[PDB]
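Okay, so here's just one chain, in structure tokens, the form solved without the ligand.
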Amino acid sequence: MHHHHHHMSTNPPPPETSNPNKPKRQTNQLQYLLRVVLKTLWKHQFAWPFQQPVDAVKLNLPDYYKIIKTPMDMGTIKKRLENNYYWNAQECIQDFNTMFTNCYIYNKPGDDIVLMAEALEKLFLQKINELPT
């Protein structure tokens, strides 16, 4: 008997950051989402949990990907913006929304990580209220 000792927890593959068959565009709004919105959130005190795909193995969260089925993070968003992956600003905004919502689903009000997400979401909303064009 192996007693399943070899069945260790793993992370899923990360979201794609390039897809040659997906239509994309460089718009002023998308350039702004990278240069201003993402880059200022990236420098924030609370950016660190969100700068890369959730590493459920490192964080000892083996239930994370049992609960969260559409993972998203600012590292993925940053690469998508730099690689010119998006067609429009709303597609990128959707990824930010998924990132924040995933955090609120997996965690509970009052958790340190939720307070971090709440603060970043407030800055995000402030920065995207007005976009170029």
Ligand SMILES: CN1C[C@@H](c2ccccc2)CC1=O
The other form holds:
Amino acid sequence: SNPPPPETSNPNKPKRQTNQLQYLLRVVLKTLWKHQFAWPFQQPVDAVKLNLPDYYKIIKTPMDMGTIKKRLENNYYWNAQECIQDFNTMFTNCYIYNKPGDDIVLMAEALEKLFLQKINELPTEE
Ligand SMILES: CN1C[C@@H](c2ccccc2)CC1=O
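Alongside the form solved without the ligand that was just displayed, please also present the structure of the form solved in complex with the ligand.
Entire complex below, previous chain first.
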């Protein structure tokens, strides 16, 4: 089976709306979400449907852009570095689980290039 998805709602967790977090939604997430290669990353890995029975044996910190999108639109984060870490966890998981040169790795690399381009210009905190 699949594990429960990562948390996207937790009223116990202190929250902020900051200009950096707004940029992560309006620029970073939106740029990657509309990309031709976004679709494998737009929801948690469905290891049943995709016949990857070892996926969650290997990947213990799952992350995906559907979860990130919910976290941003639900104001789940306290700071931008939390969200940046989620993106990097998503990319790292893909490189760890898969083989170099796989289509999915090429897709992650193209998304990560754009990610790096956008967070290079993360605005200074207001
Ligand atoms: C990020 N994902 C999703 C899974 C997948 C979906 C579609 C094509 C190839 C691979 C495995 C993986 O690492």
